[PDB]
Amino acid sequence: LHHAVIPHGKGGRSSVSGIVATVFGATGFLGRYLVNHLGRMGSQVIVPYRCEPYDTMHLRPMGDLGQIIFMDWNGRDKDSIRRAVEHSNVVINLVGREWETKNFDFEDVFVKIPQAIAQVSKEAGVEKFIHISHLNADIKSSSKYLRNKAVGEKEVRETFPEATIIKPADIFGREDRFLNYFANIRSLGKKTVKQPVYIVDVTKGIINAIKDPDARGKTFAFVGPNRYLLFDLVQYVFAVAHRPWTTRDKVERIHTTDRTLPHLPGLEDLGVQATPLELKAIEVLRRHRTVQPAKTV
Amino acid sequence: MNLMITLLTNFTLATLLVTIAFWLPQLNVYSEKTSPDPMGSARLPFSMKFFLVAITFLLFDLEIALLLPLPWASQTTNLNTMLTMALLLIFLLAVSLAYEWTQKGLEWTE
Ligand SMILES: NC(=O)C1=CN([C@@H]2O[C@H](COP(=O)(O)OP(=O)(O)OC[C@H]3O[C@@H](n4cnc5c(N)ncnc54)[C@H](OP(=O)(O)O)[C@@H]3O)[C@@H](O)[C@H]2O)C=CC1
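Taken in order, these protein sequences are the chains called d and A. Take the first sequence: its letters are residues 1 to 186, 195 to 252, 278 to 323, 334 to 340, numbered as in PDB author numbering. Take the second sequence: its letters are residues 1 to 36, 42 to 115, numbered as in PDB author numbering.
Don't take every hint at face value.
Pairs of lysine-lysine residues, derived as DSS-like cross-links and limited to a Cα-Cα distance of at most 30 Å, are as follows [claimed, not checked]:
{"#": "1", "chain 1": "d", "residue 1": "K102", "chain 2": "d", "residue 2": "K212"}
{"#": "2", "chain 1": "d", "residue 1": "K122", "chain 2": "d", "residue 2": "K283"}
{"#": "3", "chain 1": "A", "residue 1": "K54", "chain 2": "d", "residue 2": "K313"}
{"#": "4", "chain 1": "d", "residue 1": "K313", "chain 2": "d", "residue 2": "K78"}
{"#": "5", "chain 1": "A", "residue 1": "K109", "chain 2": "d", "residue 2": "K283"}
{"#": "6", "chain 1": "d", "residue 1": "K226", "chain 2": "d", "residue 2": "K102"}
{"#": "7", "chain 1": "d", "residue 1": "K283", "chain 2": "d", "residue 2": "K338"}
{"#": "8", "chain 1": "d", "residue 1": "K212", "chain 2": "A", "residue 2": "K33"}
{"#": "9", "chain 1": "d", "residue 1": "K102", "chain 2": "A", "residue 2": "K33"}
Label pairs and their in silico Cβ distance ranges [what the hints assert, rightly or not]:
{"#": "10", "chain 1": "d", "residue 1": "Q335", "chain 2": "A", "residue 2": "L63", "range": "31 to 39 Å"}
{"#": "11", "chain 1": "d", "residue 1": "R322", "chain 2": "A", "residue 2": "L97", "range": "35 to 43 Å"}
{"#": "12", "chain 1": "A", "residue 1": "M1", "chain 2": "d", "residue 2": "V334", "range": "38 to 46 Å"}
{"#": "13", "chain 1": "A", "residue 1": "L63", "chain 2": "d", "residue 2": "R319", "range": "21 to 29 Å"}
Derived from the structure by calculation, the hints contain no laboratory data. Cβ atoms here follow ideal geometry from the backbone N, Cα and C, with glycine treated the same way.
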């Protein structure tokens, strides 16, 4: 282990954690809190960004001087991926779109780009790789999202055999598109059962998966502590928010139940206690204001 | 008819500009803003003086409403009576102002 990557300090902002992290997709929602929790340890966070540099400004106070290296990359340029990962000791993937675009479909975002990142990270000597799938990923799933994400998970597993693949159920938080989706829909109630996971629990799970050497080659299912039906969940969202852009793929995924995978470990086997919805939903939905808790199963 | 067309045109231009001001920058997909004053949450204290200057406006505006036919009233044949009643109306407006003065009605908004 090299002398510059030995940890030092008391784990604060000016400390050294020995984590040289390349977070693909740090400009989004999971990457926000992930770069926050990495940089507050004193980790060398490499942020490959695709967007305008203005849209990366919030990542800049998240660490000490020189501890966030921004650089350009393309999903169809393996040279830029190698230019981003050739010094990192961990590579986290967080590339995702809820909607397919003119230049990237779900096959590009969930299959081609994660396999490219994992292949280049294998042939660059990166120790640790973390992939973020979805809990309901299935080949025979109704939505194209979960089909291509199951395909990309299989490809990441077969091209990086030690890839820590993580299954969040439905991540809620401030900049989420789950509770902010329900508070701004003003779809319906069915027999769909969900257990949504909190974003800080997911971030602590990812960083404890970095820190646990036994999490290599594993597959985790980051689920919340309380399973809810869809209907009383949506009624609880409209009860907290003081209320009386979509596609059919999101309609299929909201009416897709969060499956139970007891053979996979979860948040507790990384040392993270799951934060329930009712302690954070007021914090999420206070912005939407111009409460009896939901029924669990 | 020309005036109604003009009023409708001005209202339509104003509503078009207001709609462009309230809906063109809505298409910006900037960011959701988390958690969007000298007094914190106290009630608005009623000021007696603001109500006093408003009612003084209303009463002197009524006296103005009496004064408004004077450019037409100077054309009369009974000019002595007209001149007496015009000077009497402006004098009663001045007596209203003097009484508003001397009983401390014009105070702290003088
Ligand atoms: N509720 C949730 O958030 C959950 C998410 N997941 C999965 O976790 C991952 C991250 O989630 P999340 O942060 O919420 O999603 P976001 O859409 O908010 O973030 C995705 C990130 O990837 C980048 N990106 C997207 N498409 C491309 C592309 N074609 N090429 C290059 N970069 C791209 C975005 O950058 P830019 O701003 O430049 O477009 C952004 O930084 C996704 O794979 C998602 O499926 C799983 C379970 C729950």
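>> Let me make sure I understand: some of the numbered hints might not hold for this structure. Which ones are they, in numerical order?
In response: 1, 2, 3, 4, 5, 6, 10, 11, 12, 13
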